[PDB]
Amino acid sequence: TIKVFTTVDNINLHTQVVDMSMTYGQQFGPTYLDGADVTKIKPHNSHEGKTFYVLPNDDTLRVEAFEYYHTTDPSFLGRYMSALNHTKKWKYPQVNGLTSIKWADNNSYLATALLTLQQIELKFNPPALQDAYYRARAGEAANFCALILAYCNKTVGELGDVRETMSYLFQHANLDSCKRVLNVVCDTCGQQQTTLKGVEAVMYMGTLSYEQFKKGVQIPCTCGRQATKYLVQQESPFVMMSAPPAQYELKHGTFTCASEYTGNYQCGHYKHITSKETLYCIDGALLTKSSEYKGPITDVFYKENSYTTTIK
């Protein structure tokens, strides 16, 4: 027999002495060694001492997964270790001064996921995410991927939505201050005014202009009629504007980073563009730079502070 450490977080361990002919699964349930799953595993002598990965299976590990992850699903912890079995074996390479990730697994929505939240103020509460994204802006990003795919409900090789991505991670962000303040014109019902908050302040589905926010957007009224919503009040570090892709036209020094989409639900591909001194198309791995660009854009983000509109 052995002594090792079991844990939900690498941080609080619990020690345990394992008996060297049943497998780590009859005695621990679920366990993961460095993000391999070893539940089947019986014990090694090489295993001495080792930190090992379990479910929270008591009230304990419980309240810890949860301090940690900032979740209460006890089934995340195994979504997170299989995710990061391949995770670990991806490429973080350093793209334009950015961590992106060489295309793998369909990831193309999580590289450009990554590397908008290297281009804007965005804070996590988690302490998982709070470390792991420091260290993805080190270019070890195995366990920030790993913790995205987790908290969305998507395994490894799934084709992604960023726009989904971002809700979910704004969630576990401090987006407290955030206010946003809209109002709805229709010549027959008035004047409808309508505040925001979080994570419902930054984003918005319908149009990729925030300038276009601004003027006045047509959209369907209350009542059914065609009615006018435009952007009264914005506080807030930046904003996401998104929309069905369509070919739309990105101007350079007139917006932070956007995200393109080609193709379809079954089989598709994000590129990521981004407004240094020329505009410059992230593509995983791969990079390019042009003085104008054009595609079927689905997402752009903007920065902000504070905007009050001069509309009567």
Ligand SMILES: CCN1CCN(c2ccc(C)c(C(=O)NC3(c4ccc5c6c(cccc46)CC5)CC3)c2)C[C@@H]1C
Contents of the next structure:
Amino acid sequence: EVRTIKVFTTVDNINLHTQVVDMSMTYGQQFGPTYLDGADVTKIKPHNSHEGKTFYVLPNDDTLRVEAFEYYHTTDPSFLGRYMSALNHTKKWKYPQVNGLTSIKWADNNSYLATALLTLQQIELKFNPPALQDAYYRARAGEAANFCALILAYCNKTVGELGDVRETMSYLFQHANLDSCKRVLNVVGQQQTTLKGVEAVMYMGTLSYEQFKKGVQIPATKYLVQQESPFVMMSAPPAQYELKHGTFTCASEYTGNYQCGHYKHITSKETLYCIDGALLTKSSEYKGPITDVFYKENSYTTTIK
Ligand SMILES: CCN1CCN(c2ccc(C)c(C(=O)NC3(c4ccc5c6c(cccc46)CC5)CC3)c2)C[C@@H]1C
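Target state, the form solved in complex with the ligand; input state, the form deposited without the ligand:
Below: every chain and molecule of the assembly, starting with the one above.
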């Protein structure tokens, strides 16, 4: 007794393809690996309630492959299942709007994701993968489940695993349009270097944009000659630090030990705000263990001869 229902399949949720599914067989039997709003349905059999719904199915035909590459800018066959797997959790996360920004209530060690999401709403980033563009616009508004599930998928991270914020930005930065970004550095006889792309906007070793401009000791003195970017990201191993209102855009606080601690996010707005997931405190001065600081920028040229 052969019953059927109509569903849609997709790899990108923009191009829907209509499917008739035998209610007697499993989705996997008919589509291969198959997901519904994250939940893997590959060994379960169609339900009546399934009529009309969209189902994610790994690209098996060259059409789906093309649609898939064009949406994610990856060909990694495991990507879609990882995104769906991550998505099955992040959809249960809560995303409060703390301070006019979208955060994440703590869960499964997602403090790092929260801090990067907050940061990503405060700086000028144009994503090239449409998936990320679309996921980010929704996350700005308050629905950040997909952006977060994509971030894990691109960065090959499991739910529950604490990630490193600097490393994530780096990954994301490589999927964003930072081609126009330029950095000129001089070391001191005098040896000048030119950086571009993600290397133009990132530095490990000091938290202070002012120090970078004044002069940093190295194994000699390195100093910033020219910055052409919308922001710069100053990182360094965690260290006690005074954050002064108006002198930065935002910053990552890390308390704890290597690969087993906890991130908070500090934002300079009308005052210093500490966004700890769903929790929020306010202080005019802040001092704490900091490892990333962001500063907005347009164009900067040294005055050093
Ligand atoms: C590809 C190799 N990756 C090495 C780093 N891994 C990782 C994962 C998760 C976290 C929270 C941290 C971390 O804890 N990152 C921070 C950090 C804390 C403490 C110390 C740090 C030092 C250097 C630099 C950062 C530090 C010295 C002491 C907070 C920035 C790192 C990811 C990966 C395996």
